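Asks: Next come the chains, spelled out residue by residue.
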Amino acid sequence: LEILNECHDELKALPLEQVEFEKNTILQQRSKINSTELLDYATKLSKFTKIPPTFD
Amino acid sequence: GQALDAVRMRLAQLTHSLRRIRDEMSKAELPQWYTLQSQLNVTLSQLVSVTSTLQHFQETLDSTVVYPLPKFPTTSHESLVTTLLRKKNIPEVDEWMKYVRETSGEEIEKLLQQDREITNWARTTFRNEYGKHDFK
Amino acid sequence: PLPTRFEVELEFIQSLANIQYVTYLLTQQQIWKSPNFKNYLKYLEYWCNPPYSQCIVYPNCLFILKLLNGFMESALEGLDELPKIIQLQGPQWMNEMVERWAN
Amino acid sequence: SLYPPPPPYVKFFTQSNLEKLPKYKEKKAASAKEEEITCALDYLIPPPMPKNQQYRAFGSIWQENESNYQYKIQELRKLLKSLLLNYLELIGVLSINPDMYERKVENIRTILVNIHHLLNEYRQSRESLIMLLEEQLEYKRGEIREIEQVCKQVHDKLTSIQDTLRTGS
Amino acid sequence: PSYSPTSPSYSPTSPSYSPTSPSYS
Amino acid sequence: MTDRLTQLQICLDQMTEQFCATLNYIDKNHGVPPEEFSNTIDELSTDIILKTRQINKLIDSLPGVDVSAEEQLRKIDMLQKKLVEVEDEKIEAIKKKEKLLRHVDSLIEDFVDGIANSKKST
Amino acid sequence: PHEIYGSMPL
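As they're listed, the protein sequences go chains d, h, w, g, z, u and q. Count the first sequence with the entry's author numbering and you get residues 115 to 129, 131 to 171, in order. Count the second sequence with the entry's author numbering and you get residues 30 to 134, 143 to 173, in order. Count the third sequence with the entry's author numbering and you get residues 18 to 92, 100 to 127, in order. Count the fourth sequence with the entry's author numbering and you get residues 11 to 43, 55 to 84, 106 to 109, 111 to 166, 169 to 214, in order. Count the fifth sequence with the entry's author numbering and you get residues 1 to 25, in order. Count the sixth sequence with the entry's author numbering and you get residues 1 to 31, 50 to 140, in order. Count the seventh sequence with the entry's author numbering and you get residues 90 to 99, in order.
Please keep in mind that the hints were generated in silico from the structure rather than gathered at the bench. Some hints here could point you the wrong way.
[As the list claims (entries may be wrong)] Cut-off 30 Å, straight-line C-alpha distance, at most; resulting in silico cross-link-like pairs (DSBU-like, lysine-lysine): (1) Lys28/u / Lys138/d; (2) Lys197/g / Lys138/u; (3) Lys117/u / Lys185/g; (4) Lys50/w / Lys117/h; (5) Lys147/g / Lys28/u; (6) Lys197/g / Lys28/u; (7) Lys55/w / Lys185/g; (8) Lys37/g / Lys21/g.
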């Protein structure tokens, strides 16, 4: 009974509903925003966020 | 250096008294009123002595010229250097005397001499009043 | 030519990211005392949605103004702690900005 | 000063202006059925996007399923071979008649510059999206597979215990 | 000797009030 | 891991630095013994050749180097699709695992109650 | 919101 109790505890430790709301939020957030603006903004921030090794 | 040394020791004892009154006010329970009065009077008269001694040796302090050490590194301690370097007053005192001057607001000179004569007259009047009644 | 109000408001928003600018602005009494400045700050909130957010140059101010938004119900007091707190909370705030955008 | 002054219109909008904005915009819409500034309340109306969809600043201009490349590859390979050949010829120029060496130097640089152009069309955001895609995909597959592995081993242990207790009956 | 030294009362959190104005050329 | 584009930039920068160092050695050494100079230059030329071959083997190893980006577009789209179904399947998997989990919990509670009222039955 | 509540140990 003890060992199956820790098996139950460790199984419960690994996740239920919270993960599926989080996956949902990911899906509508991805669907709402188009990839063109994201790629343009990433290219425009590539110069600022990434510190070049030759910048003294 | 002697004048600045005396200023140092007196200001150090003043800061010690400030630390004292601080750690006896920081207690959750307020001590008796009389101890607070004693601490207040001692620290405040000590502040008076600080002011008087700083007044006495203005020439020695003015003659001294400030210069950073050759060994002192400014690259790593520039923040610490700037901390002591800055001298501008706290703003609230600034607008405090600005409103004070706003409220206060040859003519000025003759009002000044009129104040002189009022002061002298009042002093003489109270000397006469004190002399009128025997206080011994 | 005279720049449009778009350009000046965008440049103001992107300049709000500077800690020195924020410290200077909060140093003066009448800037925070006047409700006009905070009204404009709340008006600026509508740039967090596209396509306006695509025109920003530094996303950090996006939180800073929001942080400045918090300043209207947190108090001026705390002005001294502003550089220390931004330096300390830069990591987690950058992480949450990345989570908001990069994911 | 070091810090430019706040914008002027900022001081025009008080709380009263904010609360009277709805009726003001209703009246403006009713009347309507570069924007001239005839009233102090005009700025709260959202500014219109320029028709040219362009923005100028500091002398610079600014404005779907992811939401012959072999020709470029062979062009890059032949350009690299020609760059090595031109480097050899230029160092030979330095060897024999260096006085006119610069006459080739910038030429080689042009090819190098062309290489940079050849990078511009090849620009990589989609490739970064792909690599992030597979890394989180494989991470979630690993997590999933360890989940069914651990639950299956727990179930096997439970069945073994059930058999053990049945044997002891 | 020395009865007790002074506790460090540094205030780095103090924002300072240095006036900055001659930046424009 | 390091993205191969960053590796390509590092490789080209190292190649440029190697050419600069080789030509600097040539400029500051022409006139050193001829044998040592020739040996060092042979080593430098071998370095040039090897750097060229890592350049070649990295440029052709870029997935998608010879693949048109639009079939990447469809493959990425179907990847998010099958992803949607795989977290869905994980939803049913976790819910039935929790179902069997609290079946196990219910039988645990029943067995514990049986033990308790049996050992207090005497 | 419930993610934090469900993800923390007792």
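Asks: Which hints, by number, does the structure contradict?
Replies: Hints 1, 2, 6 and 7 contradicted; others consistent.
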